[PDB]
Amino acid sequence: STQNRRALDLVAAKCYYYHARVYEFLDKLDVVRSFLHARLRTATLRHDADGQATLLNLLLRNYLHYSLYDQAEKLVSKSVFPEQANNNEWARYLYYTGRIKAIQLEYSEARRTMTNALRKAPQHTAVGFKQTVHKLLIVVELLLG
Amino acid sequence: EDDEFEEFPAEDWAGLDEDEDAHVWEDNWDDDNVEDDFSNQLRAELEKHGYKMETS
Amino acid sequence: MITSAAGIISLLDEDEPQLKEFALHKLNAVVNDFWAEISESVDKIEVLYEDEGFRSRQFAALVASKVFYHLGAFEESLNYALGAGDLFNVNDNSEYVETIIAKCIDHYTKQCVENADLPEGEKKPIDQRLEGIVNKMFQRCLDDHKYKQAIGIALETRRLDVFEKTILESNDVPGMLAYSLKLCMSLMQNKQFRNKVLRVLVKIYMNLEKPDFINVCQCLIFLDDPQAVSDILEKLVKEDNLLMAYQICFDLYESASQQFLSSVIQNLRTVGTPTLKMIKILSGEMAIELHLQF
Amino acid sequence: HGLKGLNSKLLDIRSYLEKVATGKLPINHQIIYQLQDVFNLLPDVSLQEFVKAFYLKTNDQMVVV
Amino acid sequence: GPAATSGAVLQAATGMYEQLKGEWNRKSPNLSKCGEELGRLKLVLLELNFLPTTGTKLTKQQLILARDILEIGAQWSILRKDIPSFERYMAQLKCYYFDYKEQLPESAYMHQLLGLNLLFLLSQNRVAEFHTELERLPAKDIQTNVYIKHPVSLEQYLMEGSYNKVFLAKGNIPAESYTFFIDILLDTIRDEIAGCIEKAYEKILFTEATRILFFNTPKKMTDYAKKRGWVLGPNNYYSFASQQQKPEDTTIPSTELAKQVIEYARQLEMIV
Amino acid sequence: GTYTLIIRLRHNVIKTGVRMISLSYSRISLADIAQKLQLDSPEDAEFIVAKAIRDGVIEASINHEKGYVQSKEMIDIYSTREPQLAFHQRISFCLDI
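Chains as they are written, first to last, in the deposited numbering: chain A, 196 to 340; chain V, 15 to 70; chain S, 1 to 274, 322 to 341; chain F, 196 to 260; chain W, 79 to 350; chain Y, 390 to 486.
What the hints contain is simulated information worked out from the structure, not anything from laboratory work.
It is possible that some hints are incorrect.
Said to hold, decoys possible - Pairwise CB distance ranges (calculated):
id : chain 1 : residue 1 : chain 2 : residue 2 : range
1  : W       : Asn-103   : Y       : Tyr-392   : 39 to 49 Å
2  : Y       : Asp-421   : W       : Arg-204   : 58 to 68 Å
3  : F       : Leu-242   : Y       : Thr-405   : 14 to 24 Å
4  : A       : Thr-237   : S       : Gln-227   : 57 to 67 Å
5  : V       : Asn-47    : W       : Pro-252   : 52 to 62 Å
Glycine residues also receive a C-beta, built at the ideal position from the N, C-alpha and C atoms.
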């Protein structure tokens with residue numbers, strides 16, 4: 196995927212995704228965090244929305260699997276999530292950005308992002324993703340009052 | 015592009031515990047706070063505090 | 001946190017110039033995963049960049065340009081990149097000059113347009129270090145021999161010295177003369193600047209190899225200096241080059257208009273004041336006859 | 196466009212009052228008379244109650260919107 | 079500079095951070111001078127190339143020996159006082175408490191300095207950070223380390239105003255360093271309490287106000303019944319500032335709601 | 390990593406317990422407020438309620454020389470803007486669709 200042309204970026208979306216998944220069993224290597232980073236900024240100048248989003252997701256998942264919430268917050272803010280993105284990608288991003296808003300004492304925004312998330316995961320099936328966003332939505336409403 | 019999920023675990027089941035079934039029920043959070051306690055709650059409160067003997 | 005420069009940034013409470021330098025090297029190395037946080041504490045770096053007593057101001061200038069390079073904002077990246085001096089250059093071949101020279105060159109051509117065209121305080125707002133990065137890159141175009149690239153850059157910056165040396169380099173003279181006629185007719189909009197390219201296009205059809213008089217003619221038509229084409233035509237007629245003084249007059253007739261063909265015969269009459324074969328081609332009588340017979 | 200009317204009508208009365216007060220132009224008691232009924236008729240004195248009602252009628256208006 | 083001359087600076091810090099622990103017992107003014115020179119042996123350590131670890135095991139076992147030099151120096155950084163002072167240390171350390179999980183062992187002195195890192199965020203009234211930080215240490219640890227449990231429940235009482243929090247600021251004595259610093263918070267607590275009481279009551283006796291804001295004397299309570307502006311009759315009398323003048327004016331809406339209506343019209347008229 | 394959020398709910402179970410007592414009653418003694426909320430002392434109660442007030446989450450008042458909290462409730466919601474704000478929310482959402 197280091198090669199050129201703009202069509203390979205798309206299939207490199209799926210590439211990155213499995214890359215992180217397998218890297219994540221043994222021990223979610225934080226080494227990859229830099230690769231992702233380097234390949235992310237590149238994608239922002241090639242303006243590959245798709246790769247930009249997908250990649251940005253696996254990055255956020257990296258910061259979140261550890262306790263680097265501040266580091267994801269200042270990021271989520273300073274960065275622009277692409278406009279065109281497959282919905283699956285948008286549901287990931289809306290579950291993570293909501294997780295973050297939730298931890299820093301801001302149940303306000305959260306309860307409105309959380310929900311948009313639940314309603315973008317594919318309808319017929321999506322078992323786990325939905326099954327967890329519930330465990331959080333249920334608590335953000337309670338917390339909210 | 016994606017279309018999958020496989021990054022979160024799930025639970026799939028055929029042993030399912032029961033609650034109030036919902037078909038167009040009003041599904042009030044009030045009815046899960048009781049257990050058909052209402053016959054019991056009368057009898058026991060009419061004997062304990064004697065309001066079946068002292069008080070009609 | 002780990003991978004958070006919170007440990008780095010919170011340094012600089014004691015004034016030890018070797019605590020600022022060891023800091024702007026451990027940070028400078030890793031602004032590729034910390035940045036998101038650096039954004040919050042850029043003030044410690046700008047204050048250091050402004051004070052000239054510190055020699056650590058070249059990396060403060062770089063680290064600063066490294067916050068606005070990863071932020072995407074740019075703009076500020078030029079003011080700190082040119083403040084880094086020689087640490088930033090075209091030849092170290094980084095992703096920084098990769099982007100920052102696109103941002104520099106566009107930030108620069110935007111400026112030379114509005115400036116060279118309108119006020120008399122033209123270049124005065126323009127920095128010289130930016131011109132230095134532009135010329136350092138351009139000379140890379142003359143060393144890589146990409147005259148096919150420099151022929152266009154030389155109309156972005158709108159300096160005809162760039163364009164006049166691009167054409168001379170190598171034996172790529174007659175080809176460059178083919179690009180600069182296609183761009184002088186289609187690309188060029190501003191009549192003023194277009195004329196300034198046509199003049200330099202005249203001088204290189206005289207001082208480079210045998211002068212081609214089928215080209216200087218067309219260009220003198222679009223420049224509209226009749227008093228000069230009348231003397232470029234009236235020195236080949238004195239040297240017995242009538243075969244090359246016909247080719248000029250048939251171009252002038254076909255290409256040029258009637259108020260040009262009446263200015264040149266008039267310049268030959270003011271000069272003729274103390322035969323007339325070219326007076327019969329610039330008037331078009333003989334051509335009329337030929338077409339009738341046809 | 197209605198306010199564009201009220202604005203200039205009132206404006207004309209203001210130029211008239213300013214015209215008799217100074218740069219004298221003999222007073223015509225009648226004009227000033229009527230001009231008092233104007234400032235008694237302005238909707239004011241029943242302030243609190245009016246507020247509580249107007250809010251309610253709006254509420255209805257939204258329900259149907 | 080071999081690793082044995084670097085070592086020769088480590089021992090030059092053992093001669094100053096055992097004098098910080100012997101002048102902690104005697105509590106001398108030379109307790110201040112063994113920390114003015116551990117703020118100097120800092121500027122000697124960073125030149126032996128001991129900035130946060132990015133590999134290398136030899137430097138790793140040289141960073142367990144340079145980490146201490148910031149623990150026992152940070153502890154005196156607190157009692158030395160000043161906000162940025164003990165602040166700019168806590169950074170370094172929370173960074174060297176992920177290096178301590180990396181390839182190094184742990185100590186019982188790591189999760190109790192972090193606790194102070196929490197209390198510091200309470201007296202700075204930034205409860206948004208307290209929670210993020212609380213989530214860095216695993217959950218099962220805030221129920222078993224009953225050194226961290228008091229910062230936690232102190233934030234529980236702090237966020238939802240419950241008092242008995244001034245009483246528990248001298249009962250969190252299991253770690254003495256808590257009771258040294260937490261005293262700062264007690265000047266915000268009084269302020270929030272009087273902020274509510276300004277609205278919650280209207281007549282109480284004076285000695286009760288002295289029993290509520292946790293004062294012992296009558297004099298203090300005169301000064302603080304003068305800053306808020308109350309009168310001193312037989313019972314301390316209040317002024318109505320809860321809803322002094324009601325929002326009985328929709329003339330203030332007026333313009334705003336008209337903007338809104340116009341807006342709806344724009345959405346029903348636009349060409350979409 | 391949810392357990393960090395959960396422990397916070399102790400604020401809200403009491404927020405609701407007490408805003409529920411306010412809408413159930415008109416006045417009550419602190420001795421009982423502590424008994425329905427499974428709180429601490431009658432000392433703790435008065436501070437808790439007070440906090441609620443200053444956070445406009447109960448609209449009442451306290452008489453301490455007699456020991457009871459007293460509700461000031463007597464609004465008919467429609468003198469509020471509240472319903473008009475709620476609608477201004479609804480139809481913006483709706484219309485956007």
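Hint check results:
In this structure the supplied range 39 to 49 Å holds for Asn-103(W) paired with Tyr-392(Y), their Cβ-Cβ distance being about 41 Å. Our hint of 58 to 68 Å for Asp-421(Y) and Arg-204(W) is violated, since their Cβ atoms are close to 37 Å apart. Between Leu-242(F) and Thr-405(Y), the C-beta spacing of about 38 Å breaks the proposed range 14 to 24 Å. About 58 Å separates the C-beta atoms of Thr-237(A) and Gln-227(S), a value consistent with the hinted range of 57 to 67 Å.
Look at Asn-47(V) against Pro-252(W): about 40 Å separates their beta carbons, and that is not inside 52 to 62 Å.
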